[PDB]
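All protein chains but one are shown at their positions in the complex.
Chain naming follows the written order as A, B and C, and within any one chain the residues start at number 1.
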Amino acid sequence: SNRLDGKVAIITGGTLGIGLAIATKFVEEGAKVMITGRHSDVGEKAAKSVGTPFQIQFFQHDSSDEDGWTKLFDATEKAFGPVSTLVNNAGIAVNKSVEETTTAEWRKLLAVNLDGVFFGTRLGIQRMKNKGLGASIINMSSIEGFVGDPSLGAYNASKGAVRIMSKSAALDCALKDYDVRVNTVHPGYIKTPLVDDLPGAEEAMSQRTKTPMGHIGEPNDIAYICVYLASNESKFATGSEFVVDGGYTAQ
Amino acid sequence: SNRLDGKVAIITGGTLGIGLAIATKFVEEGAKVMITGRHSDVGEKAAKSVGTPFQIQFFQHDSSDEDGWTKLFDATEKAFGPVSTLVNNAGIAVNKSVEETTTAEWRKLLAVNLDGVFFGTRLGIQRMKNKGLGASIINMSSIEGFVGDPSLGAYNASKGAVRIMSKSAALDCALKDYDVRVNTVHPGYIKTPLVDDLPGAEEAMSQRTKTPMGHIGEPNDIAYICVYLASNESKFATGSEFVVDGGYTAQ
Amino acid sequence: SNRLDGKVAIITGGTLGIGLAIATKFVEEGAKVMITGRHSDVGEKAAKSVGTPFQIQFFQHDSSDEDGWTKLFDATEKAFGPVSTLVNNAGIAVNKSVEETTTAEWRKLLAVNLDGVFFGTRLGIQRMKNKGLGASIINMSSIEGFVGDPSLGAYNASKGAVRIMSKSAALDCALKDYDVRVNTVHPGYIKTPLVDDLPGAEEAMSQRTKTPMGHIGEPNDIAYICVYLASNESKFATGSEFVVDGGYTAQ
Partner (left out) sequence: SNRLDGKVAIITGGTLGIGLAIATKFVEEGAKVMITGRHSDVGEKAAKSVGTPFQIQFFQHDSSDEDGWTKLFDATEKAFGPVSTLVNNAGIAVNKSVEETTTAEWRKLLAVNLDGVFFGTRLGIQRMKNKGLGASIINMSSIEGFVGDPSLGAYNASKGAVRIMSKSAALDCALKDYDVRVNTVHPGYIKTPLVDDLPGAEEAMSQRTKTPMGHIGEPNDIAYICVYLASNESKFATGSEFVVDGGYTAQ
């Protein structure tokens, strides 16, 4: 308990599923949290469901929106004081092979999944370096950052990019003594309402040729590894990849 | 707090350095612990330094000793009840290139670092499967399981072996619904009394071309990732590698 | 000899350095080659230096230019018949950390290094599937696709993207029986006239803490692995990463 004492976290895509579980456990461990999402309806309800505005607030933002990133860091500092912790969790999927990806689909997915993580990482380093915060940037980088999927071409590109860009940022922050760590988290298949809304999706993901455990994960599985990485417990972990996938990548 | 409620852990090489830190944090999180080591003098003192014999005990054992593994699981069950958690941390180093490794050095190091982890993993699966324990085997597998070191040839062999053997065991346990997870932890350079006893060793390990953070870790850095992996917080993590190395492998 | 009998290859950035060496060895092994580059002065001289217009031609192209990719495949087919082989070699570097990367630098580098490899791979699959050509797409994906560099943030993002996007494409082509393979090549540091023009670059690259061989490579080092991947010798290799780096990533 109090594993995130004094921390101030931004969690992009924090209004549902994995992001909301990360936000929930972060508040339970003593962090102040600003969650982001595209929809005020979802986001204001989500913040209130977790805690008071002294614990957690919502900021409406598309991660692809560069100017919005400045507003987001300014709003979080105004509410909670200097930001110590950034979880770049916002992402979209296109269910196309490379061959069948349109240029419009390619640009839209990279704008959220890659540009957004770049904008957040770049700004996070500038705003959180050299303040003795034990600062931590956690980039969501998928099992699709390790292995290909024939029907997730653009998503694979974005997650590979996040995986190695995060190492670059980890190294620069370490070498310059910035007191900022950067790591990637790689979820396998996770049961969310969105999976539950697609008939047969969980059953397909639970086949042993996909997930050896024969079931898929829950959002708290990703929340717990994020608490470790945001905490000072992980002060020697930087430039690392943390996989939580039911054995998906082990075979 | 109470993150290892009800757990019963064996930690090999648990009498000093990283193993002792893992044992200390495991007891602090509510686990019963049996630590092993070659020397009764070190081991009985270490157990008493951490807690009462109702919390932690010592069992004298060389991990290379196959028959001793049976005695160790029997003694732990007699003291604390069924074992839920095994940390295979016992290991030795030979400071020779492959070229300059004698056959006697090769066999001695593999007996501890590889045979020992095999004997512990094999027995752990048999003893901890199908009991609803949330069982977890944590194999120590080094940054030397990912990258070569020209003067650690046999050690590199042993750590590569542990890395991939652990995936095999993770997959079999997952596919057979055994309720046993197997993961590897990969420390970079860690400050211990043994490092402190070698003049200039910490300074060499802290050079940026080795450890980008410009310093080395402390035993608690490895203890915290082991608490996560032993706990039910990591119930969807199996067959994964967890690196805590100050950026060593990121460059 | 004749290891690329009947092959028709496009090599982007084929007018200089690594691309020119690949083109030279491809023509030697019996391939017909279209090389691309931004500058017709360089490109027309380069094609004539290697062979006759029945062996090798130049097509002026920026790999970021989507419409130009269509014209490039059309021109290659007109000159040499159906394309069997694509080497996505064109690339640029920005020598900035993630922190210091401007948005204009980010967008410019991703346009060439990521968008261009996507446009080439997508069009390559569409044009070379189901023609019994033994088709092969070779993506240049850098050692910077495996490890971070603190001063190559955008470059690392682009090379990690190419690494995993290529696996996606490899799998879709294999599962659909397209007779198209996709693989990545990961050069370490290679001596080119351009490296010769950067004072101290080769010397810095040649430090044992960077390249263990204590020297950097030459363009033919990359040409020879590309001949293997373009040829039918590699008909069971798809979704693989081929590193030629002097030991850079082994430590």
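Some observations on this one:
Definition applied: a contact is a pair of C-beta atoms (placed from the backbone, for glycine too) under 8 Å apart; a residue touches a chain by one contact, two chains touch by 3 or more.
The chain not shown here is touched by just one of C:123, C:152 or C:225, and that residue is C:225. Within the set B:12, B:84, B:156 or B:192, the residue that contacts the chain not displayed is B:156. Residues 1, 167, 170-171, 174-175, 177, 188, 208, 212-214, 217-218, 220-221, 224-225, 228, 231, 233-247, 249-251 are the ones on subunit C that touch the missing chain. Contact between subunit A and the absent chain runs through residues 147-149, 209, 250-251.
Of the residues in subunit B, those that touch the hidden partner chain are 66, 97-99, 101, 103, 106, 110, 114-115, 118, 121-122, 125-126, 144-154, 156-173, 175-176, 239.
Everything below uses one rule, namely that only the chains that are shown with their structure count from here on.
Our note on geometry: subunit A versus subunit C, Cα centroid distance of 32 Å, whole angstroms. Residue positions of subunit B touching 2 or more other chains: 250-251.
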